[PDB]
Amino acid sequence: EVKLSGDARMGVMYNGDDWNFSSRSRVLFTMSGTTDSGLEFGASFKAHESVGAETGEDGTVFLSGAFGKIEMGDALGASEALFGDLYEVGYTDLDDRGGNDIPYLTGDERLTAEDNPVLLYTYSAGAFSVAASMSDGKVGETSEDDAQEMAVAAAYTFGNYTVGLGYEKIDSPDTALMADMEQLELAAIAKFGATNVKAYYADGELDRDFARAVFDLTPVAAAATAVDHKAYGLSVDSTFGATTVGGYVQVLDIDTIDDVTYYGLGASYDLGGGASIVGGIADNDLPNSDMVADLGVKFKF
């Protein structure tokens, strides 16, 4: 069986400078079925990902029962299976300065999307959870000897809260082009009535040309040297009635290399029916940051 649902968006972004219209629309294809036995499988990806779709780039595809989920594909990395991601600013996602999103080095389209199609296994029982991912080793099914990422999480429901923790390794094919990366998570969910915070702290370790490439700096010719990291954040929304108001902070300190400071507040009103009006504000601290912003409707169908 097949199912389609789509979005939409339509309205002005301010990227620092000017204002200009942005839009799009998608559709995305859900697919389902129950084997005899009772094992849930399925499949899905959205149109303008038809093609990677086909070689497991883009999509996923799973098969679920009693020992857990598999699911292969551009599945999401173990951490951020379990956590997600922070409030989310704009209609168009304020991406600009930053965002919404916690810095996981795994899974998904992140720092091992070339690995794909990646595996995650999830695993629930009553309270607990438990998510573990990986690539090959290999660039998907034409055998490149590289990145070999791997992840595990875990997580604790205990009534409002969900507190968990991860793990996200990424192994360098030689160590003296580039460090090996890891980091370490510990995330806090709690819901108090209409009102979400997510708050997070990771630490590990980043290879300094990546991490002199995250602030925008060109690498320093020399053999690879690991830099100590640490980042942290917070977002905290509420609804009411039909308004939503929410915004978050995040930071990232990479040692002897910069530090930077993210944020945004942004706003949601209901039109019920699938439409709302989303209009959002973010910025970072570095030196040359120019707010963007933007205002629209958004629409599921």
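Numbering follows the first chain given and starts at 1. Rigid core here is just the name for the largest C-alpha set that superposes within 1.5 Å across the two forms. Compared with the form deposited in another entry:
The only C-alpha among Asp74, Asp115, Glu80, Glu185 that moves by 2 Å or more between the two forms, given a superposition on the rigid core, is that of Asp115.
To test you: the structure above is the form deposited in one PDB entry. What is the structure of the form deposited in another entry?
FYI, this one's just the chain on its own, none of its partners or other molecules.
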């Protein structure tokens, strides 16, 4: 079976200096089936991703049963699969100054590429959830060695609370050229009625020149070394009637390179029927950074 859904948005976005019109529309194909014994299977991708979905680079394919779910393609890594992101600000998703996304080390297109899908396994039973993910270590479908990513995460929900932890790592094919990386995460999520609170703390080490590129800094001409880092953040959103209001703040601190605090604040108003008016403000504390903002409408179909 093949089902269709879609979304679209239109409005004005401020890039720090000028306003521009910003709009888009997308269609999602959701495909599903069930075998004779009740294993469920499916696949999905968006219309603008159709070339990539044909090589494994975009979209996902899955098989699930009593054993849990196996998904291959452009999949999330294990930690992101269980804890997600902080409150999304602005109708265009204003990630220009850092954004709402939590800084996971693996999955979500870190190594996914043409002819190179990644794997995500999930399982839940009651109150508990576990996820595990990995890439295959070879470029495309070739025999050339690639960096290889892997992660494992577990969560437990008790009442209003889910708490969890994840561990992620990237193994370098050549540690003279790129240091191995790893990150450990603790995440907590709480709903107190109309209010959602999400918080995380992450700690680990990154390749030096990969870390410098986060801050848009040229690499140093030396053999690869690792730098220690930490990241933590929080978001709060609450709904009163048709109005949701929310925001987040995150800081990323990489030893010997730099630190940044980035944040955003936005609101939406539900018009019903799949339409909402959405606007927001986002920034970070780096020297140059002017605040980005937007105001428009989002539609679901």
